[PDB]
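Given as structure tokens, the chain that follows is alone and in the form deposited in one PDB entry.
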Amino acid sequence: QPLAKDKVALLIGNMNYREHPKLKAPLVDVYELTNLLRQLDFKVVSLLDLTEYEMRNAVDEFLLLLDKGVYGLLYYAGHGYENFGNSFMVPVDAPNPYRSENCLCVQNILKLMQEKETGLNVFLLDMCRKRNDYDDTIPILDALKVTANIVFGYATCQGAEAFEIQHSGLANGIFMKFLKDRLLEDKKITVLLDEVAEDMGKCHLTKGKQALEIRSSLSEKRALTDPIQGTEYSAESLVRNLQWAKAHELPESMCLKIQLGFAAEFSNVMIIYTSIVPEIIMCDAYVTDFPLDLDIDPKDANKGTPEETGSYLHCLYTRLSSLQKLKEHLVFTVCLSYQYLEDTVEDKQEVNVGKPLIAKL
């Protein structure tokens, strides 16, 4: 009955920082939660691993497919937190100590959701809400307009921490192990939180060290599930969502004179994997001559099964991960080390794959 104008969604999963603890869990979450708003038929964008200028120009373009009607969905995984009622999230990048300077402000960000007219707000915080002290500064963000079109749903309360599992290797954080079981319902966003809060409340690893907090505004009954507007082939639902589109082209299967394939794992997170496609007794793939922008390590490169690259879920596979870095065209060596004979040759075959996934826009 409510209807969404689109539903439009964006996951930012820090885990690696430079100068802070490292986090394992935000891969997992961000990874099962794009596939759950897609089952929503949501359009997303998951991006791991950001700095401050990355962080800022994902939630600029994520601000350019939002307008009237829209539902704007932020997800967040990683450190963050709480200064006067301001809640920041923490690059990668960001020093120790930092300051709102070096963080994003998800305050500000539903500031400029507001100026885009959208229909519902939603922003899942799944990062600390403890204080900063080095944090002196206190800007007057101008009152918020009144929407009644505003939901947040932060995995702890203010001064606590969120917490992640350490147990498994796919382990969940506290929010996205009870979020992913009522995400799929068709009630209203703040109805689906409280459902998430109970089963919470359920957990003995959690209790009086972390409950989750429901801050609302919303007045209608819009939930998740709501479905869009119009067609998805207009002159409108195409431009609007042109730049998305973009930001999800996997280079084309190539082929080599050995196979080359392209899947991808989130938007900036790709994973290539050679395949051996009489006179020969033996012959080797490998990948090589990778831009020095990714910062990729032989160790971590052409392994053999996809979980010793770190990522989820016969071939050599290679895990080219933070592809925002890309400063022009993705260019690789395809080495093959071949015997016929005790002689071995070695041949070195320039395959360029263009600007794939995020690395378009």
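Numbering follows the first chain given and starts at 1. Rigid core here is just the name for the largest C-alpha set that superposes within 1.5 Å across the two forms. What changes on going to the form deposited in another entry:
Core-based superposition between these two forms leaves all of 289, 181, 220, 115 but one with CA shifts under 2 Å; the exception is 115. Once the rigid core is used as the reference frame, the Cα position of residue 85 differs between these two forms by 2 Å or more. The two forms, fitted on the rigid core, differ between these two forms by 2 Å or more at the CA of residue 237.
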Contents of the next structure:
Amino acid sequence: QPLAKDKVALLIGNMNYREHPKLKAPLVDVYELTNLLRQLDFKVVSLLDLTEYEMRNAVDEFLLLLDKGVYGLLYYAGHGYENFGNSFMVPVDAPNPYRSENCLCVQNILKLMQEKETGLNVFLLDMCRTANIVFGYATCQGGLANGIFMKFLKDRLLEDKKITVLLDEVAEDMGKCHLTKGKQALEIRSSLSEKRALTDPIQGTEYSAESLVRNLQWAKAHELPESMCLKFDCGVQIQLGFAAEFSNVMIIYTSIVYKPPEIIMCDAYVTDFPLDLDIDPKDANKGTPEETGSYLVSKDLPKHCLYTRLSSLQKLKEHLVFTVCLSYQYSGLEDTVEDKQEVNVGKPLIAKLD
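Having seen the form deposited in one PDB entry, can you show the form deposited in another entry?
The text that comes after this line covers the one chain and nothing more.
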């Protein structure tokens, strides 16, 4: 029975390009793929909208996890560039027109992967135009629907079959669909000489330094701040919540859980976020998570709160410090009272790394 020493996955979805058309599918697809891989016991890091420097750092750190026998999976969705026989992943800060030096060369990553003694290394490119390496290269021409590749991949990914056979079925499913024939293509390259599957069990978990390094890094990237009850001088109590949508996207939500009898009406809101997050106050404190651009973790969030989506957590170099304001009017009075409390929740999710 083939076994994995560990299962690690890096998933990058680029959508909000500074000088190129915006994509919608990577958001839904990276989130879908993250939960499918968690079902197969992968430790996953999922990141949205990365610059060149961020993507190069993420890919280099992912490659350091590929110790002998480890199963790796690198998925990229976004703009892709093809030039002089090479393909390139396009970061969100790419100039117009594309230049090689600003993008990540796919063949350079494949060359770095061939140097590893991984039990399985899957590299999937879902682009808009022995190492045991399986490379899938999906290409399509330029609301919450999946992209073509993920629509077919998600319905086969949990199969207990050799990864090459399973990807071959995905390519055949696409060729049997009229939507794909003149819109989407799939190319698979493989030097897999053994029976290896994403479903293969992880080997009897020892506590070696090598395995502890891999678990530590992943554990940091998943650290959410604990829920907080803020107590104000006037008696008002605000509950503060934190949810992870991606490794670099966190949803914050607030609710006035206790309002004293003597206070007619009160409003709470979050403000003064670190400037490196670039939070537009007009997109914060929404009555629904969907209004923040958060449509995936929405269902699993408490109701009747105010929501703020904190994306770009990878850009935070300091502690996440922000303010909770309170505007309350006393009974039988004509004054609006303001009071604020600073909150330091440390370095959440991917910002926990350094």
